[PDB]
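Colleague: What follows is the residue order along each chain.
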Amino acid sequence: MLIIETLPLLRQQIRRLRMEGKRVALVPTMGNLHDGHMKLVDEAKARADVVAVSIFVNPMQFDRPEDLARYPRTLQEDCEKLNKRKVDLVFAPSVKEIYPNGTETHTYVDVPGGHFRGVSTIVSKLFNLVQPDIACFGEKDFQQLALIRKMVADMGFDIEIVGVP
Amino acid sequence: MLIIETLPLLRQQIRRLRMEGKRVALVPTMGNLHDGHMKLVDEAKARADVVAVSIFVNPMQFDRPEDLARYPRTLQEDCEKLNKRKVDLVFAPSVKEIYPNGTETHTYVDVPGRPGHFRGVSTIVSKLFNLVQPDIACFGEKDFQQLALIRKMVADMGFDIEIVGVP
Ligand SMILES: CC(C)(CO)[C@@H](O)C(=O)[O-]
Ligand SMILES: CC(C)(CO)[C@@H](O)C(=O)[O-]
Ligand SMILES: CC(C)(CO)[C@@H](O)C(=O)[O-]
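Listed in order, the protein sequences are those of chains Y and B.
When we follow my numbering, the leftmost residue of the first sequence carries the number 23, and every step to the right adds one.
When we follow my numbering, the leftmost residue of the second sequence carries the number 254, and every step to the right adds one.
Pulled out of the complex, with its shape left as it was, chain Y reads as follows:
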């Protein structure tokens, strides 16, 4: 398994996978992975040659800084679990790599029809960075899954959005 923390190195591998003809699935996560997140990984492995999992606790989608600060961070353990599940690549960026000037002045994506603006923004950016053929999301957060399906339909992303029960 490859663990990538920077944009240039991620871009290099995305390009390599593209030149190798790999079908790529992305599983976005905020880390603190449990057996339940493996449903996403297992669906992704069946549906692609290569599985990339992002781990990024996204400040733009937390209403309270207290909650962002207390969100569990267990990177070594997440990566252990992913490596055992045969994941190919983990993308684990820093906050500043994602939001160089902070979130308040960052370009955002809003899906009509703070929390959800944070979700469409980071998921669009992960789609632009990883350029996956397929991306897997839980059905449990049904508002989030609805928001991403609409975002994709509206914004022209060529990505199959897979809801996992």
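Treat each hint with caution, since some may be false.
Beyond 12 Å from chain Y on every Cβ pair, some chain B residues (computed) [stated by the list, open to error]:
1) 312
2) 316
3) 333
4) 406
Computed footprint of chain B on chain Y, listed as stretches where at least three residues anywhere in the stretch have a Cβ under 8 Å from a Cβ of chain B [claimed, not checked]:
5) 128 to 138
6) 150 to 157
7) 175 to 185
Derived from the structure by calculation, the hints contain no laboratory data.
No residue lacks a Cβ here, since even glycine has one placed at the ideal position from N, Cα and C.
The hints should help you fit chain B with the ligands onto chain Y, whose structure is shown.
Modeller: Same frame as chain Y, but now just chain B with the ligands:
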């Protein structure tokens, strides 16, 4: 030169270009092309294997229906100029095709750091960038606020697209 009017046929074209691994340049336009747009096309041709030009009068970036309705439409003459320049693809969608559920509740992109005009720009250019997935995209320097907007949008949103400003 091929004229592509629908998303699924554009999808077909872009998927094919991707698996062929060609380097692709996109020139976004609203048609009514003249010398300045030809400079954009020339640059795109010099910088990529394949050049796509979009022609789409984007309602989201016009505040007044009167201004949208007055915008000149010269598709035949636009295609004549692009064909002469050996453009590979011209993407010329209808409004219903880009906005099948209307602009009002369409996803939008807004870049901080007429009310509505720039939001309409960032939104359509993001969508064009997702649809076409170009390696490079050319814009004029004269609309300097637009060029700055797109420059920031690309840097912020993580698009792997080289932005080229042309006089
Ligand atoms: C989709 C996601 C990883 C985006 O930050 C997050 O909202 C989540 O944990 O569902
Ligand atoms: C898979 C999951 C943990 C992702 O948030 C959630 O959808 C769930 O519990 O099914
Ligand atoms: C960039 C653009 C094609 C977006 O509709 C338009 O604003 C233009 O022609 O400058």
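Colleague: With reference to the structure, classify each hint as holding or not holding.
Modeller: Verification of the supplied hints:
| no. | hint | in the structure |
| --- | --- | --- |
| 1 | 312 | 15 Å, holds |
| 2 | 316 | 18 Å, holds |
| 3 | 333 | 28 Å, holds |
| 4 | 406 | 5 Å, violated |
| 5 | 128 to 138 | holds (count 8) |
| 6 | 150 to 157 | holds (count 3) |
| 7 | 175 to 185 | holds (count 5) |
Hint compliance for this structure: hint 4 is the single one not met.
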